Each structure stands twice: as structure tokens, then as C-alpha cells.
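A.B. asks: Chain by chain, the residues:
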Amino acid sequence: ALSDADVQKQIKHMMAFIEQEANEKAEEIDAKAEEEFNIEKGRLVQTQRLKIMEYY
Amino acid sequence: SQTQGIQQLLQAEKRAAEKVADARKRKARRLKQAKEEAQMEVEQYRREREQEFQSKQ
Amino acid sequence: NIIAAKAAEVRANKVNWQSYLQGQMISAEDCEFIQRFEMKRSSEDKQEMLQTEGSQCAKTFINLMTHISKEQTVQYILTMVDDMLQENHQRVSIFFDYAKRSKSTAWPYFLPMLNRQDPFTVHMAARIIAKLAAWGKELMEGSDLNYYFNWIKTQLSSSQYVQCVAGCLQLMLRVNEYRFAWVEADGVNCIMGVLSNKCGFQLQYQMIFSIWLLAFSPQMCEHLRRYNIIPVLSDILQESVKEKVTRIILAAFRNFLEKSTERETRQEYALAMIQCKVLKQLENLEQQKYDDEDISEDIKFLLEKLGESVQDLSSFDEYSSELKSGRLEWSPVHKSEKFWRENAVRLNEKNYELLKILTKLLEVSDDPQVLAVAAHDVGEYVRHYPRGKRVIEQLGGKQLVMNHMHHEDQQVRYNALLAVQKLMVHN
Amino acid sequence: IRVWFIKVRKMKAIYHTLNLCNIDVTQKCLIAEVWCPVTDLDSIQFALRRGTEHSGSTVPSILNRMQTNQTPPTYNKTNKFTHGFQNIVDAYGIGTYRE
Amino acid sequence: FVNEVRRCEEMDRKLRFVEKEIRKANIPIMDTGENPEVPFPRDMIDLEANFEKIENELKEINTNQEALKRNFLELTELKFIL
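Residue numbers (the entry's author numbering), protein chains in the order written: chain A, 2 to 57; chain B, 3 to 59; chain C, 49 to 205, 262 to 497, 538 to 571; chain D, 290 to 388; chain E, 51 to 132.
Note that these hints are calculated values from the structure, not bench results. Be aware that one or more of the hints could be misleading.
What the hints assert, rightly or not - Calculated cross-link-like contacts (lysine-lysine; reagent style DSS-like; alpha-carbon spacing at most 30 Å):
id, chain 1, residue 1, chain 2, residue 2
1, D, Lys296, C, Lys393
2, C, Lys381, A, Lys33
3, D, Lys301, C, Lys384
4, D, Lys317, C, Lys346
5, A, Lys33, C, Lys384
6, E, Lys103, C, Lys442
7, C, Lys88, A, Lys13
8, B, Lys27, C, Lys348
9, B, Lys37, C, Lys363
10, C, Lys348, C, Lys54
11, C, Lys346, C, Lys409
12, C, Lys185, C, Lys302
13, C, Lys409, C, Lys363
14, D, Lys299, E, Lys119
15, E, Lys70, D, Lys299
16, C, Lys393, C, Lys404
17, A, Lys26, B, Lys37
18, C, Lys439, E, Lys64
19, C, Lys404, D, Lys369
20, C, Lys393, C, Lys566
21, C, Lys409, B, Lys29
22, B, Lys37, C, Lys185
23, B, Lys27, A, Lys42
24, C, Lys439, E, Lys129
25, C, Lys404, C, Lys381
26, B, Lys21, C, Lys454
27, C, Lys185, C, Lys151
28, A, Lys42, C, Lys409
29, C, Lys348, A, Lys26
30, E, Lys119, D, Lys301
31, A, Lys26, B, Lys21
32, E, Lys119, E, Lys109
33, A, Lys26, B, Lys16
34, B, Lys16, A, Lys10
35, B, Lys29, C, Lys348
36, C, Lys566, C, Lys464
37, C, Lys428, B, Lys16
38, B, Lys27, A, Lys33
39, C, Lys566, C, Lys428
40, A, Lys10, C, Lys348
Just need the whole structure built from these sequences, with the hints factored in.
C.D. replies: In C-alpha cells:
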């Protein structure tokens with residue numbers, strides 16, 4: 002067809018674009034989560050090393 | 003096409019909100035999880051150094 | 049796009065593992081277990097591959113790919129396995145199936161793959177190698193994947265394959281250690297090399313995403329600031345406004361300028377302003393309103409810090425050093441209204457030696473731009489301090545501007561014209 | 290400025306067109322009911338293909354012929370001569386659709 | 051898009067300023083061709099700023115011209131006084 006074919010083509014493009022946006026938003030938020038994990042790990046590392054040095 | 007227009011927005015809000023909530027919960031859990039991991043590793047290091055202190059004695 | 053369509057077509061091609069249930073063609077126990085967890089919709093049914101212990105869940109299919117050398121059958125089997133491992137939200141995810149007793153060959157077994165790009169084994173191997181950001185396993189050799197021509201042929205160059269390997273690289277850079285490993289490879293130069301070269305929107309976008317990922321470490325930004333990458337990003341930003349490449353360029357700039365380990369590397373603000381005035385683009389975008397709060401927040405941050413950087417640039421000490429060593433050039437200091445108005449007294453040097461330096465340059469400097477700078481600065485000084493014009497006339541600098549009216553370059557003529565026009569007040 | 294003038298007028302006109310329409314609340318797209326000749330619909334599709342080529346989103350630019358319950362505009366082509374008589378007839382008043 | 055229209059309209063008013071200056075200058079103003087192709091990038095804002103800057107220079111030049119003319123006339127009266 003020409004009308005239904007164009008509707009399906011539009012649907013394909015817009016599905017693909019939301020899929021791309023999905024991947025990008027997911028990866029961005031995962032990167033944010035990783036940075037938060039890293040900074041938290043640093044805080045807890047220095048907090049631990051304090052008592053380590055004290056005891057030693 | 004007409005229903006697909008709102009289908010896109012339902013998908014988008016669903017996945018965006020769920021990823022946001024998942025990341026917030028992941029941070030919330032990982033705070034504590036990193037704390038226990040580091041603390042247990044630190045206690046293990048303390049035991050190792052105490053054994054080394056006994057060897058030094 | 050074509051990769052997904054062909055993958056779906058091979059999914060529609062139901063592999064007849066029952067006829068190949070004999071081990072001499074395809075593994076017998078593993079093909080029997082294909083019947084198990086056939087209802088992949090249920091994770092409770094995904095548990096009976098934890099029952100198979102991993103060695104018989106597709107690890108027998110590892111090195112079976114080579115056992116069946118026919119293109120179509122191995123394509124069917126590997127594409128089915130790779131669709132399973134493409135979902136992989138909870139299929140493995142914990143290095144369950146990781147070649148426990150063949151860890152020595154766990155990474156080597158895809159070096160035979162990463163060929164046959166048209167049969168698409170390149171991409172199935174590209175997802176096999178995507179086990180670093182998660183899945184709890186790490187690449188033994190950096191050269192065997194980074195320098196390998198699984199993304200070197202495709203990055204520096262069909263385009264859908266470049267997109268697939270670019271997504272795999274995005275996933276690869278999610279790890280900090282192998283992000284640094286990729287840095288140690290020539291990918292740093294390659295990504296720029298094809299950033300300059302024209303390609304699709306998604307390819308350039310994913311590359312800038314890789315740049316944003318690289319911008320996470322406060323050590324790597326300072327190393328990579330030796331590369332002049334900001335002009336390319338600003339060009340891509342300004343020439344095309346897709347509202348998606350803009351987002352990732354904005355995020356990359358934000359993260360770069362947010363690490364800020366050392367001030368001499370924080371000068372990236374003034375560098376970006378020098379090479380391309382993207383402040384105007386930021387004005388254009390902030391006038392526009394976007395639903396994504398992140399875009400607005402990042403634009404606000406970048407504009408505010410650029411304002412702070414140009415405020416820091418504005419200092420009479422900087423200008424006086426420029427003139428003392430003679431390194432004259434248009435800059436925000438040469439155009440800062442507060443520097444001409446508030447610091448007009450600062451231009452009144454001791455014995456007006458800096459203004460005498462302006463006179464010396466009106467006689468000495470032959471670079472037309474430097475002379476235009478001198479004329480404009482003299483005009484500013486006169487306008488904000490008419491009483492120094494008599495001192496200039538005593539110095540003869542006014543006569544030098546009379547000479548510079550007829551300069552050989554129009555811009556110098558215009559600057560001298562404005563300077564004298566200011567000097568004609570009350571005359 | 291001689292070149293600049295009518296092109297900035299076209300800026301203003303096209304921006305006014307971008308105003309008066311349904312900004313797609315759901316997606317970053319545009320839905321707009323537009324009265325155009327039936328015969329020239331294919332010509333419009335060629336124009337859509339041109340705009341799709343120059344843009345990178347490569348959207349199909351869906352053309353669906355609407356069913357308007359409201360008045361269909363009364364139009365008639367003219368040439369250098371009959372335009373005057375058409376102007377007189379409309380000066381009396383415009384006729385109803387398909388009169 | 052109201053901001054876009056406002057910017058274009060302010061530009062156009064400045065264009066009419068430059069137009070009347072040109073009429074005072076008696077330029078032939080041919081306006082023959084190259085007009086209808088109407089390219090549509092976003093750098094038109096920079097070109098707007100450029101032409102507006104030119105208009106600002108012309109206005110400042112006019113004010114300075116009148117000031118210098120008045121100074122010249124007064125000082126020439128002064129030379130004729132003595």
C-alpha cells in the first residue's frame with residue numbers, strides 16, 4: 002500500500018527513535034549511578050582508613 | 003497511528019520513570035553495601051596485621 | 049537497522065535442533081536443553097539453565113561454532129544464542145556461563161569471531177565481548193579487542265555496523281579501568297579522526313557519548329585537554345541543532361569543565377570562548393525552553409561558569425602584562441566595559457608608562473591587528489579619562545593616531561578614526 | 290540589505306506559520322490540517338520528499354486526506370482575463386461549494 | 051516562537067532605519083535577484099546582529115559627525131573673531 006505503508010514506516014521510525022532515546026537515557030542514568038557509587042566508595046574508604054591507622 | 007502516538011509517550015514515561023527510580027534505589031542500597039564490603043575487608047586486613055604483629059613478636 | 053531485521057529473520061528461522069540432536073553435528077545435551085527454558089517469558093523457566101550448571105548451557109556451544117563450518121547452520125545457532133545473550137537482563141548477568149574451566153580461552157574464542165560482517169558474526173561477537181560494564185568478567189588483553197579490527201575498520205570509515269560497534273564501545277567505556285585501557289589505545293585519535301569526517305547523526309552522537317563517558321575521570325580530562333576537541337564539538341553543536349546531539353555535547357562539556365583538578369586546565373573555559381563563542385548559542389538555547397530539566401540545568405551551569413571565567417579574565421594585571429611583553433590581541437579584557445570604566449584609573453600608570461607603551465607601539469608595531477588594538481585602547485582611555493588626552497598630545541601619541549587614520553588596513557583606519565573622534569571632545 | 294529584506298520577511302512569515310498550528314504535545318512533531326488542491330496532492334508529496342531529504346530525520350511526512358465536516362473552500366482557477374469577471378462575481382458574494 | 055518573531059520584527063524596524071538612511075543617501079537600490087531562494091540556517095541571527103551593529107556604528111557616526119561639525123563651526127567663528 003501507500004497510505005498504510007507510510008503509516009507503518011512512520012511507526013517504525015518513531016519506535017526506533019524512542020528506542021534510541023531509551024538506550025541513551027538508560028545509559029546516562031546508569032553513568033550517574035556509577036559516579037555516585039564511586040564517590041560514596043571514596044567516602045567510606047577514607048572513613049575506614051581513619052580507624053585502620055588509629056588501630057595500627 | 004492515532005493510538006501509537008500515545009503508545010510512544012506511555013513507553014517513554016514508563017521507561018524513564020523506572021530507570022530514574024531504579025538508579026535512586028541502586029544508590030540507596032549501594033551506600034550501605036559499599037559500607038559493609040569496605041568494613042569487612044578492613045576487619046580482614048586488621049586480622050592479617052594482627053597475625054603479622056604476632057609474627058613480629 | 050539492517051542488523052536487527054536480519055536478526056529477527058533468523059529468529060523466525062526456527063532452528064531444527066531435534067534433527068541435529070546427534071552430538072556429531074550439534075551438541076546432544078545442549079540441544080536437549082534448548083527444549084528446556086523454551087518458555088523464556090518466565091524467569092522460573094530461566095532457572096532450569098541454572099540447573100544445567102552453565103557448562104551444558106551454551107558452553108558446549110562454545111567451540112561448537114567452529115565445529116559447524118557451514119555458514120547457514122552456524123549462523124542460525126549463533127544468532128539464536130546471541131539473541132538470548134542480547135536480552136541478557138537476567139539470563140546470565142552474574143558470570144554464570146563464562147567458560148569456567150576454559151577461562152584461558154573465554155576471551156580468545158571470539159578472536160576467531162569478529163569476522164564475517166555480512167553473515168553478521170561481527171555483531172554477535174560484538175555482543176559476546178560486551179561483558180565488561182556488567183556480567184563480572186574482564187578483558188585479558190587490551191590489544192586483542194581495542195586495537196583489534198572489530199571497531200577500527202568500521203569506526204574510521262555499512263554505517264549500521266558502525267552504529268552497532270559504537271554502541272558496543274559505549275558499553276565498553278562504562279568501566280573505568282578499560283576506559284583507561286581504551287585511552288592507552290589509539291582510539292583517542294581515531295574517534296577524533298572520524299569526528300572530523302562526516303557520517304550519520306547517530307554515529308557522531310554515540311562518539312560524543314563516548315567522549316562524555318571519558319569525561320568522568322578527573323585525571324583523563326586533563327590528559328585529553330592536550331587534544332583540541334572542543335572546536336569540533338562546538339561546530340557540530342551550532343551547525344546542526346537536533347536536540348539530541350546538543351544534549352550529549354552539553355553533557356560532555358559540563359563533565360569536562362566539572363572535573364577541574366587544576367586551574368591551568370580549568371582555563372578550558374577561556375579556551376572554548378577563544379576558539380568559538382558558544383555563549384551566543386547558549387543564549388539561543390536558554391531562550392528556548394526544553395522539557396528535559398537536565399538540558400536547562402547544564403546550560404545554566406555552563407553559561408554561569410563561562411561568565412565567571414570571563415570575569416576572571418577581566419583584570420588590569422592581565423592587560424598590563426599583554427602590553428608589557430607586546431603580545432597584543434583582541435580578547436574579553438580588551439572589550440570589558442568595567443576594565444575601561446572602573447579601571448580607567450589603572451590605565452593611569454606610574455608616569456603613564458603603560459600609555460607611553462601604547463605610544464611606543466603606535467610607532468613600533470607593524471602588525472595591523474596590534475595597531476588596531478592600540479588605537480581602540482587609546483580611544484577607550486580617552487573616552488573614560490579625557491584628562492589623559494593632554495598627556496597623550538604631549539607624548540605625541542595623538543599625532544600617531546592622526547597618522548594611523550590613513551593606515552594601509554581599513555580596520556586600523558577605523559580604530560584610529562574612533563580614537564581621534566574621542567580625542568576631539570572639547571576641541 | 291536588498292537581499293536581506295524579503296528573506297527576513299520570509300523568516301517572519303514562516304515563523305508565523307510555525308505559530309498557527311497544533312504543536313504536538315505528545316511528540317516533537319507537527320499535526321496540521323491544510324487545505325490544498327486535490328490534483329496537486331502528489332506535488333505536495335514531492336515537496337514533502339524534498340523537505341525530508343534536506344532534514345536528517347527522514348520522516349515519511351504522512352499525508353492523510355481529512356474528512357472535513359466544515360465548509361470546503363469555494364475556489365475556481367482563473368487566467369489573465371477571466372480573473373476580472375471572477376472578481377466581479379465574488380464582489381457580489383462568493384458562491385456556496387460546488388455551485 | 052514569539053521570541054523569534056519579536057527578534058525578526060526588531061531587525062526589520064532597524065532595516066527600515068537603514069532604508070531611510072539609504073534614501074537620504076540616494077542609492078539606486080536595484081533589488082534584482084538572488085532574493086527568492088531564501089536559505090534557512092540558524093546563523094541568520096548572527097547576520098542580524100551584524101547588520102544591527104552596522105546600524106549602531108552609523109548612528110554613533112552621525113552623532114559624532116554633528117558634534118564635530120558644531121565644534122568646527124564654533125572654532126571657525128572664533129578664528130574669524132580674531
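A.B. asks: Now, for every hint given, state plainly whether the structure supports it.
C.D. replies: Going through the hints against the structure:
no., hint, verdict
1, D/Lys296 / C/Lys393, "holds (26 Å)"
2, C/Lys381 / A/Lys33, "holds (29 Å)"
3, D/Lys301 / C/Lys384, "holds (21 Å)"
4, D/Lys317 / C/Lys346, "holds (11 Å)"
5, A/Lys33 / C/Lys384, "holds (29 Å)"
6, E/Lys103 / C/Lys442, "holds (21 Å)"
7, C/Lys88 / A/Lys13, "holds (25 Å)"
8, B/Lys27 / C/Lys348, "holds (27 Å)"
9, B/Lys37 / C/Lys363, "holds (25 Å)"
10, C/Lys348 / C/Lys54, "holds (27 Å)"
11, C/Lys346 / C/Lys409, "holds (24 Å)"
12, C/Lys185 / C/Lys302, "violated (35 Å)"
13, C/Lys409 / C/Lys363, "holds (13 Å)"
14, D/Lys299 / E/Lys119, "violated (41 Å)"
15, E/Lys70 / D/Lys299, "holds (21 Å)"
16, C/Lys393 / C/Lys404, "holds (12 Å)"
17, A/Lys26 / B/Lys37, "holds (28 Å)"
18, C/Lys439 / E/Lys64, "holds (24 Å)"
19, C/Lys404 / D/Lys369, "violated (58 Å)"
20, C/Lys393 / C/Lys566, "violated (43 Å)"
21, C/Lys409 / B/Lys29, "holds (28 Å)"
22, B/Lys37 / C/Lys185, "holds (23 Å)"
23, B/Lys27 / A/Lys42, "holds (16 Å)"
24, C/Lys439 / E/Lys129, "violated (39 Å)"
25, C/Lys404 / C/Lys381, "holds (16 Å)"
26, B/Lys21 / C/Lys454, "violated (64 Å)"
27, C/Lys185 / C/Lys151, "holds (10 Å)"
28, A/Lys42 / C/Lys409, "holds (28 Å)"
29, C/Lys348 / A/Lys26, "holds (11 Å)"
30, E/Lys119 / D/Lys301, "violated (40 Å)"
31, A/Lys26 / B/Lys21, "holds (8 Å)"
32, E/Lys119 / E/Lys109, "holds (15 Å)"
33, A/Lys26 / B/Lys16, "holds (12 Å)"
34, B/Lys16 / A/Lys10, "holds (24 Å)"
35, B/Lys29 / C/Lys348, "holds (27 Å)"
36, C/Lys566 / C/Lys464, "holds (20 Å)"
37, C/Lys428 / B/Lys16, "violated (62 Å)"
38, B/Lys27 / A/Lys33, "holds (13 Å)"
39, C/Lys566 / C/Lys428, "holds (25 Å)"
40, A/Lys10 / C/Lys348, "holds (22 Å)"
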